[PDB]
Amino acid sequence: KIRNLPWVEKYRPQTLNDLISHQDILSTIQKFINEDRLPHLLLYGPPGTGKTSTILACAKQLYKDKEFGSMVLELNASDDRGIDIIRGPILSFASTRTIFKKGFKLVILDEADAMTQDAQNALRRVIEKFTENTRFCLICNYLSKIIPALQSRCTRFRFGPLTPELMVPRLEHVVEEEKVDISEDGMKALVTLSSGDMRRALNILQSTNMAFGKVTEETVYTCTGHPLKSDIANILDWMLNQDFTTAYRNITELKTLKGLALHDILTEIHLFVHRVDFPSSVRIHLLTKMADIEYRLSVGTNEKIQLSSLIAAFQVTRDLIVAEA
Amino acid sequence: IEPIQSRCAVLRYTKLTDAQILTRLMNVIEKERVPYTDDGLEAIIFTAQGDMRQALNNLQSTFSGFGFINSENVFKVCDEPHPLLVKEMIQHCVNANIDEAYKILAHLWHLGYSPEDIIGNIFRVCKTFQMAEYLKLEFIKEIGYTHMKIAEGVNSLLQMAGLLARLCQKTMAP
Amino acid sequence: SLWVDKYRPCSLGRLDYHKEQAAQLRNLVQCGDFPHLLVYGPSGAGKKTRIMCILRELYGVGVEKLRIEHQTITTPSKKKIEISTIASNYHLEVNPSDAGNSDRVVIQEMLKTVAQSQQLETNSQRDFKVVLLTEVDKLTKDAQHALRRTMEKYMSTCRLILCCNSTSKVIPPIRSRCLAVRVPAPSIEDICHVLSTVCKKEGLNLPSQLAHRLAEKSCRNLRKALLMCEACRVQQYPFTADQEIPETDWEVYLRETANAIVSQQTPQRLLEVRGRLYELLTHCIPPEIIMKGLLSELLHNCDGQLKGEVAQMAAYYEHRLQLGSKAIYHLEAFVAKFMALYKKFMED
Amino acid sequence: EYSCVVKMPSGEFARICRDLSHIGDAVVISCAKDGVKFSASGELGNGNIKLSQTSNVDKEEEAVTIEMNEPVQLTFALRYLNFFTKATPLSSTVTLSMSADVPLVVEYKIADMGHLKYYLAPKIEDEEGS
Amino acid sequence: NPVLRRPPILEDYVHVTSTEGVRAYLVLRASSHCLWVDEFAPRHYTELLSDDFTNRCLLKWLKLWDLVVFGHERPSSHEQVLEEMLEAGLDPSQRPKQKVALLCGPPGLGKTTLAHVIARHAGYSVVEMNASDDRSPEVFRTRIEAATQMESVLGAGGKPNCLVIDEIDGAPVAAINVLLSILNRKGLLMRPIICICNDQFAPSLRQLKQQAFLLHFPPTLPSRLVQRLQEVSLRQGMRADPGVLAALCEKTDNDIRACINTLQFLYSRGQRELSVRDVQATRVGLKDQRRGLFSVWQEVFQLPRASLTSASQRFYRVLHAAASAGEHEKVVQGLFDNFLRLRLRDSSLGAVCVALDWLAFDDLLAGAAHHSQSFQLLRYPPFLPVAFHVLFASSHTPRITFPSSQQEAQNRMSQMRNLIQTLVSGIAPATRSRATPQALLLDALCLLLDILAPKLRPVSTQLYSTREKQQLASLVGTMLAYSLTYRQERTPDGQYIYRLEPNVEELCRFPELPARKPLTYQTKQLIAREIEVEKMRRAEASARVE
Amino acid sequence: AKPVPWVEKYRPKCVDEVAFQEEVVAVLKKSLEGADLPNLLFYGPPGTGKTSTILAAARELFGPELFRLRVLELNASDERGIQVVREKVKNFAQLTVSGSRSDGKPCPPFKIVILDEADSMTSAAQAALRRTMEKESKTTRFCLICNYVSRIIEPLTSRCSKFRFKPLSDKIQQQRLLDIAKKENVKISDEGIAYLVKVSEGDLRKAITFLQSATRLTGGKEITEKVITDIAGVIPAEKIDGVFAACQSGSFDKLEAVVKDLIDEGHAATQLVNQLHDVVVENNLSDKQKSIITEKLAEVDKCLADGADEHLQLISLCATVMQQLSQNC
DNA sequence: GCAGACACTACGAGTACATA
Ligand SMILES: Nc1ncnc2c1ncn2[C@@H]1O[C@H](COP(=O)(O)OP(=O)(O)OP(O)(O)=S)[C@@H](O)[C@H]1O
Ligand SMILES: Nc1ncnc2c1ncn2[C@@H]1O[C@H](COP(=O)(O)OP(=O)(O)OP(O)(O)=S)[C@@H](O)[C@H]1O
Ligand SMILES: Nc1ncnc2c1ncn2[C@@H]1O[C@H](COP(=O)(O)OP(=O)(O)OP(O)(O)=S)[C@@H](O)[C@H]1O
Ligand SMILES: Nc1ncnc2c1ncn2[C@@H]1O[C@H](COP(=O)(O)OP(=O)(O)O)[C@@H](O)[C@H]1O
Ligand SMILES: [Mg+2]
Ligand SMILES: [Mg+2]
Ligand SMILES: [Mg+2]
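In order, the protein sequences belong to chains C, B, E, H, A and D. What the first sequence shows, in the deposited numbering, is residues 16 to 340, in sequence order. What the second sequence shows, in the deposited numbering, is residues 178 to 351, in sequence order. What the third sequence shows, in the deposited numbering, is residues 2 to 349, in sequence order. What the fourth sequence shows, in the deposited numbering, is residues 132 to 261, in sequence order. What the fifth sequence shows, in the deposited numbering, is residues 165 to 193, 276 to 322, 346 to 455, 480 to 599, 624 to 863, in sequence order. What the sixth sequence shows, in the deposited numbering, is residues 35 to 363, in sequence order.
It is possible that some hints are incorrect.
As a list, the in silico DSBU-like pairs of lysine-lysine whose alpha-carbon atoms are at most 35 Å apart [stated by the list, open to error]:
(1) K36/D - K254/H
(2) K309/A - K366/A
(3) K142/E - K544/A
(4) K322/D - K181/H
(5) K80/E - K327/E
Which bits of chain D does chain C cover? Going by a derived footprint, with three or more residues having C-beta under 8 Å, they are [stated by the list, open to error]:
(6) 139 to 153
(7) 207 to 220
(8) 247 to 255
(9) 335 to 345
Treat the hints as calculated values from the structure; they're not laboratory data. Where a beta carbon is used, it is the ideal one built from N, C-alpha and C, also for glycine.
Using the sequences and the accompanying hints, generate a full structural model.
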């Protein structure tokens, strides 16, 4: 039936075959499940890569719908997970048998980096003592906020960023299941602006399809507000080729015409600053100045002065690069 | 506390060597009939980093996922350690070589590591790095100044590149 | 009653200076749909006088009958905090900075209860109430972020008149929601005219040279000018042209502190200067005013090619003092950096 | 002149204000010709109670009566009504007066010496435009 | 060269042009049943291992109770104060003037052993009350009152009860108040009380330190400890040279219990001769000690005297000592208050500037961690002391004082704020709204006091001129406006004075500022009498109006 | 019949009245028809219309009677701790979607949680929103509104569809201001409206406030450029020329005099930074001097954004531009 | 049948710390 859902939740990989990228990790987890050798897992990686979807597909594969509420204990950062919960419901769930059917139980701890260190220290002997009865899956974005004692007990899988070559067919499946007219440059802009994230590629696809009705390069870069590659090349050419006043006028006209933001301009100019074969003394100064300009934009600071400083960081090094020869 | 340590004999365990891990892993392999090669067990010892739990977990994961222990089967599921490359990028920052340091930083960024984990490994390497003491203190102060910005909300590749540029500037400015 | 409070004007038509702004403020508040106001200017310019004149123009003469109201507010840490409030039958005057870092609890709890309720009598009182948030530049950004939806939701029944010295300490979401009213300091002629009218209403005679020297020494602060004129009247009734004007102790203590800085550049002198700066911070002097006095006295001793560097160091350590929490570290760092620069300049 | 004047028992009104304390922080008083309706809408749910036509009792202090015509619906705070019901046993009855913009008036006729009045301003209504 | 004058042939390029318009191109692309400590525990006075001065002082202090406990007249620097208190006499209640003995020192010395041996040596029965008890004030009271206020249940010949309170520094402040109340009941205390702690500078024991016979334990001598360990090894049949025993002694920081436990683990029965490399290894016997604040400051500000000469070992040693000491803010305050008192060789003040930059870095990190709730920024302020070790390391002998300036300044600022609020709350609310307390403090205080102090002759108002009467009327009007008055104050020198009841002179005046003429006693008494008659005249005028 | 200020009288009641934000308005108008509304993250400069757009969308979607049952609006004026997110927001998201519109208009089958001013929420309270947004997405929607997207954590950035509210261009802002002035029977000249849209800098709330205050000041007569310059706090060009002449003099006493004269006249330091920046980028200085001076201007603006003192920052900026102007002399 | 005494858990309050 038709449902009113966001496309990041309407199109969720309910099975392990619907995830795209981490084929070796998913093959190893599938062979863990099929041989009943599932250990305590530690899924870590950047957001939007499919860790919660992986553990929910594994839990739906392991357990039927008539027994899913008694075998799976799913706790996350929206739940209270203090040390009284580790000593309370989690220990009682781990230390007791099942109700309906005999089997091993699963305690999913989503956002395990949000737990306090007291709870993580209390979890160690709960994990180690009841390995036969229950299994634990810790999922985090930052591995440093998990204590090394819990990192030793759980085998860790790095759910790295999704490569855009493998991100395309899932987006094509979502497009063909939603009747969306998309061009090749629209798909390329989607997998460029996503940057290893399938949430942001679905959100941007749904937002562009609602705003314009078609998904092309211009529509995606207009709905997102991101500058194009040609605009960044023009900004760099103006900052390296002419004086302060003409470059300031041209960049100000380009920003007023297309409604660009200085954060995305700074990000793309930072990406361009390493491809350009600059001297090493020039690159250090440019990176320090651009990091300072990016830091100044985090508060109530006028963006026009920061645009002038972004021009100034290159107008300083123009004559240095030229006289270097 | 000090009275409890005075009331007991304080035995201290050190990290297990590669031969000590290898002996127990060969015992587990001969008990489990795991086919293997020498580079695979070398990769397991490399990914264990003195941890027998991680050695057994990585061996069981590789044997369940692939059924054979070579280097690429281990590294398709396991991961190389972070400080082994963070030490190289800090060494590149000591010699004011910003290009190789940014190459290692971008390699760690494309692997999905958050800025907090990267700057934690950078501080961990710089705490015990072998260099001048005053330069080490300047490095640690610049790491803390960057980490305040990382914790306050701004955490991009430009901020880490600016941190690397400031670390390379600290060398050339006595 | 002193001369600062005896001859304060009561209505907008009785202001000695900024008369065009007085007419514009009378035309602004006549209809009753005027937005929130942000009265900003230097200290002693006459901001609070114009705010009370705006309140008289809005309500009756009952805004001069004020009273102290005490409120107890519960923090999220469950610490009961007592806050005083100047109140009338038409308006309230709150200074949330007395709660310090808990000022947000004043904004989230005490202010919104004022905003969410309509008035008792709508005939003697008007259709709206006024809340005067005094010294909003000392508010934390959490309180200023708690202020904005209260200012936007209930602005048809509660108007607000924020008062500050510098609008740079007010966040742009708050400054976008209110009309900014600038009250500049009166000039030397305006202060001389005010002092002459006060002395004529007291039945005294004031020379023009003495009034010019009072306006020069007050640094365009009319409150300090009136206090200095009354102190000069007390200490010597015949007004001589070269009469000695009394001075504040913390200002001359700051001058002696900067003389002690510039006299010797040693760590022992730095430890003595740090003791003097604790003495200054002990008496509840704000550290930015200590930094301004130190700069204003140390620039009289520097050469022409050092004043820019000294001013840049003073601004840098003032900004680092604002970013931090212990003022003595940044004050002593500024003094040590100036001592190093001064020693380098004098030995070379 | 108030648009609604009603009479209530004092202890019953104190119990009514106390029962809505555990539900929400702001109560709604409605007064039509039928009687007086107390409501308390919160995150838990609405608690609605009514009093009407209690003149068939032996005691003269339990006669809940209506005396005016125009119905009113006004939202008030809870703590001020609790402090108003802190002065209950001085009088046998209590009188409530309401209008479109006039504040709620809670009147006690304390024996023979005199009387006590409470004025409570209503809350600012939400933006319920169509 | 990264910059090419000629454009590239195949690779992509990016132009760079200077201000003079010349183009450049860049590339875009039961011996076995017990422990050895319990087996070799001292049971007599002659086999103790503590300092003999402390043993004699504790024995003499316990023998001072024989006149009131056993009912017999005859029993059978820091040292000078103890010797004076041992011979200071008795109160008329036949007791020593210090009724409680406090034993303090580092762990592993023999404080509990000395207390038990001295109590059993003087004919007392030891009553122990340690940290494993409940330590609530009711339980503390009902145990001290039971142990001290009763006689023996064995009748005649029963031993008296000597209450030994172990680990008193872990007790709450209310339990110490209960102990002091039972010590100062005049319900008279008739039995000696011995308190044993590990840190004398705890905040809960300071009120005890003003009343107790403070006995401080020095660390044990290495020669006696080496001889005792040699005797233990000879009793157990193990051979060890005194050099390796001295190595254990310096490894465990003169801890008897740690050395005996280390020998018990290291001997076992496999080998008889102990080796140097077994003690020198860090695997057995090394424990983390809690360094004192003064030891950390001495390690930071002074180099170790002459391997250990490398700077990296000193770097890690100072870092680990400052990390293991604890109380980080106290270390920061001590470094802030002690680094300018040294004989600094940096005459250009660059080291002072970078030290103050490091202090500001610490302050910014503390503010950011307490603002953003991100406490993973709290790994860097541990490098604040070690930075000072790179800046101000000297071979001299610095005199390190305890930090007091940031607490004294905070207390004075709090009292100044209380005085400001007390001044502000007395003014009328009509004039309170016209000025903030900050502007009233900065602008309207010294000039206000100059207004309030005119030139007045010490003569009666009757002889004053009409102008002087008008000036006095203005003076009492502005005194009554701000609710300021003069009241009489007592002095130990015998002279009454008049002072303002809100003492705003300490708000206004400064220490090093030139002196000004104060008002005389007659003028201030005249002002006080005038303000009293003006208040009563104002009351009569308000009664006449109403 | 009480008067109301024009910022609330001309608030957009429907989504058709929102100006210049065409992409988010088109998304919300598609969601009005019945399209799948995703989670929203509005971010941009102040006064661009982030709150008004979502309130107009909620009023169009639910009508008057369902606003209290389908919309939970939490802002920084109320307590949003970890327990408010864990208890209040989760229990609101777990509620049923009941209640239908009585006027026959269609009603969407979800609730809306408007977490306005999400900058002030902590990282733990933002981390507690993640599975609340993901798990309860069938029955509720979330709209985080902020000014800085860097202060919102990357999981919440990923979970929401990001829309940046651009500053309003001079065409759309001038058209809206002329429509408001036409509806209020006030006349404003072309120079006045040009200076108004120059001064307001894409802040439509500031423009409406300035237009209302200029109407109240003049009484309803013609609004010229002079009243806009008076009420906008714009420093005259004579003061800027005097500052630049004091910097070209090379003497610090005249620099202190002009800085003290600008401070005593109560001029805001942000306005002085803007006008000095325009003069510096629009003169014939060298590129190196312009570069250093604009970098110092950016640093001074950052320092003033952190609540530093105006006098010291302005005297540091004036010392820097004096050094640059006297370097070539 | 009703007043007094017993332990019982829920709740209010004070304090510390949060890193490698
Ligand atoms: N590998 C993937 N294959 C298909 N869809 C994906 C994949 N990764 C992410 N998605 C989409 O993103 C949604 C949410 O992914 P999640 O399971 O939350 O990812 P995650 O990496 O666990 O995110 P965090 O780290 O918890 S914010 C899914 O329901 C899909 O719509
Ligand atoms: N002369 C001695 N020969 C051998 N062992 C001894 C000797 N004196 C003391 N000991 C042992 O060393 C330890 C002395 O510590 P205790 O007196 O019990 O407590 P403490 O010395 O106060 O140290 P703390 O602070 O309580 S850990 C005990 O284990 C004694 O058995
Ligand atoms: N795009 C717009 N279209 C129409 N009126 C607008 C627009 N933007 C702002 N306004 C007007 O300005 C007022 C302020 O709009 P808001 O929506 O509160 O701005 P904002 O986005 O909330 O700014 P912040 O970030 O909360 S300070 C509205 O009530 C309208 O009167
Ligand atoms: N127009 C005026 N005529 C005479 N005196 C004035 C006038 N305006 C202000 N003053 C006096 O100057 C002082 C300014 O203080 P205040 O009104 O509180 O302004 P601020 O809040 O800026 O210090 C007041 O004490 C007042 O008596
Ligand atoms: Mg997830
Ligand atoms: Mg002991
Ligand atoms: Mg808003």
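task = Provide an ascending list of the numbers of those earlier hints which the structure does not satisfy.
result = Numbers 3, 4, 7, 8, in rising order.
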